[PDB]
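Attaching a single structure in structure tokens format; questions to follow.
The complex appears here minus one protein chain, its other protein chains still in place.
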Amino acid sequence: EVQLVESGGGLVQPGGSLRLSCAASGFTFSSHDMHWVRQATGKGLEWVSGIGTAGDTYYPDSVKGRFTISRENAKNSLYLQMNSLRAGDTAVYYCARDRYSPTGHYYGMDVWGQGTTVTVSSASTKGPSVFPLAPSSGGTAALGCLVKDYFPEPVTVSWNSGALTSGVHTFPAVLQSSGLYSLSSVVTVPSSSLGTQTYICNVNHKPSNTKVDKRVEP
Amino acid sequence: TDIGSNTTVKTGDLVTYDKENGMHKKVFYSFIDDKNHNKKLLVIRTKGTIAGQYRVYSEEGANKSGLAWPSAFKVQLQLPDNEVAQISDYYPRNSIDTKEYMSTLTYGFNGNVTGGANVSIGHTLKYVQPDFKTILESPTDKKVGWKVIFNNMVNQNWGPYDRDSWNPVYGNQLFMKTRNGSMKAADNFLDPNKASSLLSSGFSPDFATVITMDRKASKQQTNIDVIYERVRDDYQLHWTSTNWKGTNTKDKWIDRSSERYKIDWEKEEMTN
Partner (left out) sequence: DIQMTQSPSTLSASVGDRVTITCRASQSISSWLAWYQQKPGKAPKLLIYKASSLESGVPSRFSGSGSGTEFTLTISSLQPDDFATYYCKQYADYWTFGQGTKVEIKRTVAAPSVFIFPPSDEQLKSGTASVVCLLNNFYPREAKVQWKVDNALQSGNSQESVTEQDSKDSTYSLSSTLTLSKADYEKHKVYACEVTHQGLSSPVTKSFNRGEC
């Protein structure tokens, strides 16, 4: 089976450097052009750099002079050296293989990896403050948790351990101007269950070993 | 009394050089008069050479230049519609993918020509088409044709390219000499002695077509047009500022050399 596996990447200060790599398996690596392509959260695919089967390298202006792509056929592996990183370079970075016909007709990027995330930022790793969003009632009722000021992604949120997974909406995080992420998680429930049934939101942030359980009450 | 075949074969040649189209038409003709058959055959063998004429055609400055090169060679025979005579066989009979074609043509006795009990007519067809194919153009009883079209070519141990190859950086690399050479564009084309000889020297057809005529026909004089064609592409090279990039424009020029020949079935002659 044909496969590509990216690795490397994680937090980097703006101005800093970092090195992605891609292990290729199940085909003759040396005989394909290869690419890096990136995608920032919520945004489109952006071509980042390419390398020909002969080791000739190709770059768009957005990264020219900052990134270098490389090849090492003996180790069936592709590399990306990223220098002078900036907030704008924050994204998931994929590895992709070109395929051609026997007579040099170009089909396209035929096979892709799973990606590896790069985050470029001044923010120091920090666990979230968690505040309740107390319910008033309106037929049914809404309640939630405000998961505020954490870095980097992700946080996981659950309700009553595994138990309450119906009517739940955990919103996509937002990068505040401070450099930290904020998010809310909400549920709707019967207004009749508010005086009886207890609601705890369980927030977990691995990058800081922060774990928090929060009682939401009227 | 005579127990041999009862067939005679009369063979001649018409040769014309068309200077302007770089074509050396060499036509052999052979009348087959099997006196035991109500019809009378003619074999027209089309040989000669269509020059390739692989040459720098255009130069827009140091940074752009176009190269005219031969993408196909054609030979076509056509009887007019009012003519009584008909096409009854042709060679090759079908497309040909091998690098060489060869067939020895014999007469098998009932207006039949094949490629023991046979009359040799003295024709062994032979030609070569390195990097090209032969396609037979829909034959009828008044028209037949072969086209010998470009198909495929390695370029200095780089992957076969063809007329539609595309690379997002170098474009079509068919006759690209170098990707980054600092020569001018007119100097950056592949030396033609690295490609098929069809591009440099050219193509030497060797096709045959057999025409039949009823003896009982008041008009015993047939006209026929023979066309030799060369179709050229325009392979362009330009500097992108960090490398050479090639483009190929299909079928931009067609050079065509036509002649009407007069067939006299009583004299068994064919004149220019």
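Per-chain residue numbering starts at 1, and chain names A and B are given in the order in which the chains are listed.
Following the convention adopted for this analysis, a residue touches a chain if its C-beta (ideal position, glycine included) is under 8 Å from a C-beta of that chain, and two chains touch if they have at least 3 such contacts.
One of A:50, A:127 or A:128 touches the chain omitted from the figure, and that residue is A:50. Checked against the full complex, the candidates A:186, A:194, A:201 or A:203 give a single residue touching the omitted chain, namely A:186.
The missing chain lies against subunit B, touching residues 166, 168-169, 240. Subunit A residues in contact with the hidden partner, per the touch definition given at the top, are 35, 44-47, 50, 58, 60-61, 94, 105-110, 112-115, 129, 131-136, 138-142, 144, 146, 148, 169, 171-174, 176, 182-184, 186, 188.
FYI, only the chains that are shown with their structure count from here on.
Inter-chain spacing, taken between the CA centroids of subunit A and subunit B, is 62 Å. Residues 52, 56, 58, 100, 102-106 of subunit A are the ones that touch subunit B when the two sit in their complex. Taken together, the subunit B residues at the contact with subunit A in this complex read 152, 159-162, 164-169, 173, 179.
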